[PDB]
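There are 2 protein chains.
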Amino acid sequence: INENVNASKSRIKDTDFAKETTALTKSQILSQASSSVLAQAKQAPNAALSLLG
Amino acid sequence: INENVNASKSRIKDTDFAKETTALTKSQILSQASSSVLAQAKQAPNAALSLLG
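Here the protein sequences line up with chains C3 and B3, keeping their order. Sequential numbering from 325 applies to the first sequence in the entry's author numbering. Sequential numbering from 325 applies to the second sequence in the entry's author numbering.
Keep in mind that the hints are not guaranteed to be accurate.
Derived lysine to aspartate or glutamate pairs resembling EDC-like cross-links, with alpha carbons at most 20 Å apart [claimed, not checked]:
1) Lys343 (chain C3) - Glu327 (chain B3)
2) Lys350 (chain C3) - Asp340 (chain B3)
3) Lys366 (chain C3) - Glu327 (chain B3)
4) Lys337 (chain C3) - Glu327 (chain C3)
5) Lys337 (chain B3) - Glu327 (chain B3)
6) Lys350 (chain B3) - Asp340 (chain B3)
7) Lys343 (chain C3) - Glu327 (chain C3)
8) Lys333 (chain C3) - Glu344 (chain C3)
9) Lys343 (chain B3) - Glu327 (chain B3)
The set of hints was computed from the structure by calculation and includes no laboratory data.
Sequences are here, hints too, so could you generate the full structure?
Pasting the structure below:
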């Protein structure tokens, strides 16, 4: 009962390192993509300066 | 809600630098055109002096 109880607890509680590492890397790339788009969005108002105003 | 409220505020309150710079330039040209016509207007009465009077 201890073997099976621990196995049940693992399916519920312990992490799946194969799926969690994939989720981490996806969150990293998404962070860099949002940071890059944020960098270009900061330069959007610069267009108004080119209007001689 | 914060983003859509800020976009709505921009549409109602923030200035369009493309449309406003065009309105500023048009005003500058119209000011130069009115000033020029005024200059030629000041010399209109000088014609009376040309009538030996």
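Consistency of the hints with the structure:
Annotation: proposed proximity of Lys343 (chain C3) to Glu327 (chain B3) is violated, straight-line Cα distance about 33 Å (limit 20 Å). The suggested pairing of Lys350 (chain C3) with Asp340 (chain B3) is violated, with an alpha-carbon distance near 38 Å, which exceeds 20 Å. Under the criterion of a C-alpha separation no larger than 20 Å, the hint pairing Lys366 (chain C3) with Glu327 (chain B3) is consistent with the structure, at around 16 Å. Between the alpha carbons of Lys337 (chain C3) and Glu327 (chain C3) the distance comes to roughly 15 Å, so the proposed pair stays at or under 20 Å and holds.
Annotation: proposed proximity of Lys337 (chain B3) to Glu327 (chain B3) holds, straight-line Cα distance about 15 Å (limit 20 Å). For a cut-off of 20 Å, the pair hint linking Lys350 (chain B3) to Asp340 (chain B3) stands: about 15 Å separates their Cα positions. Under the criterion of a C-alpha separation no larger than 20 Å, the hint pairing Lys343 (chain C3) with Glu327 (chain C3) is inconsistent with the structure, at around 24 Å. For the hint linking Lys333 (chain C3) to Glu344 (chain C3), the alpha-carbon distance of about 18 Å falls within 20 Å, and the restraint holds.
About 24 Å separates the Cα atoms of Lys343 (chain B3) and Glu327 (chain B3), which puts this hinted pair outside 20 Å; it is violated.
In summary, the numbered hints that this structure violates are 1, 2, 7 and 9.
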